[PDB]
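Here we start with a single chain on its own, the form solved without the partner chain, put down as structure tokens.
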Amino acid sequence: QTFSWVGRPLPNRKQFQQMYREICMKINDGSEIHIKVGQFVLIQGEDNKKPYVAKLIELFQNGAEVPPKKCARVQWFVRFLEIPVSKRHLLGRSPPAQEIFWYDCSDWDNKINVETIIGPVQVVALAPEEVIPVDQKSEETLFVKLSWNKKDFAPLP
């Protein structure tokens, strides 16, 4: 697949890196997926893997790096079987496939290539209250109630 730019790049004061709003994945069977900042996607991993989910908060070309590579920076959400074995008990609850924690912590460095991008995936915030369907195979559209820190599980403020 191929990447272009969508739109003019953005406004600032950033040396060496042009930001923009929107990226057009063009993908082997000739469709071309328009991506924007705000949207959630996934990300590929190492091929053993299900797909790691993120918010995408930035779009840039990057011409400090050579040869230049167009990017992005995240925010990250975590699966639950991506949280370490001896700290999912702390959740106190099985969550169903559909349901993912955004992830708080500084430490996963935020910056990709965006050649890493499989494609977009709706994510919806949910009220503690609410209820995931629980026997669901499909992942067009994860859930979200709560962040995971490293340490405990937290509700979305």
Given for the second form:
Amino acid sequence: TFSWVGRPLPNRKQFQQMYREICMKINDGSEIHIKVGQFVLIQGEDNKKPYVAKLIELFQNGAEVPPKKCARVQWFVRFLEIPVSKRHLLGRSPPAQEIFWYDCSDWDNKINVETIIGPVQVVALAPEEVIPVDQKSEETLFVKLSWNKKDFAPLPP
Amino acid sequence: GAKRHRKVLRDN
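Moving from the form solved without the partner chain, what structure would you give for the form deposited with the partner chain bound?
Full assembly next; the chain just shown is listed first.
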């Protein structure tokens, strides 16, 4: 379950209150803060890996009733979310830890915070950097490229 | 348990 931390950010949208941070309690009993700018795993279908998203906004949406805690995200997509026919355009076999910045507006970016599984570390690498492949048996995901529905391209600014 | 998010279109 989730709770806001502290005061809302200076108001921007009507009917919404924005927060920098959200508090998530586990059944391991502890409390974890997730902040705007951090990344989360988002529950998708039960047979698939979580979606990965960067949190770009956290908000209490007063336009739903009863009101809900929401996020707006920047999506990433996993290799398997890219059309099979377009996969070869990458020109290599990405590791399971590699994901792609999804640079397209067609999917809606608003989620309910209850779909959040938890934080994930996502790391931006230069194209010529190699993914570790180090130890920690890492839970970290790496991003090199964006995918626009047409081609792979550099990470946006 | 995390609720399921269903991605949906539009809303660009």
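What we label the rigid core is the largest C-alpha set whose atoms superpose within 1.5 Å from one form to the other. Numbering follows the first chain given and starts at 1.
Shown in the overlay between the two forms, fitted on the rigid core, is a CA shift at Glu139 of 2 Å or greater.
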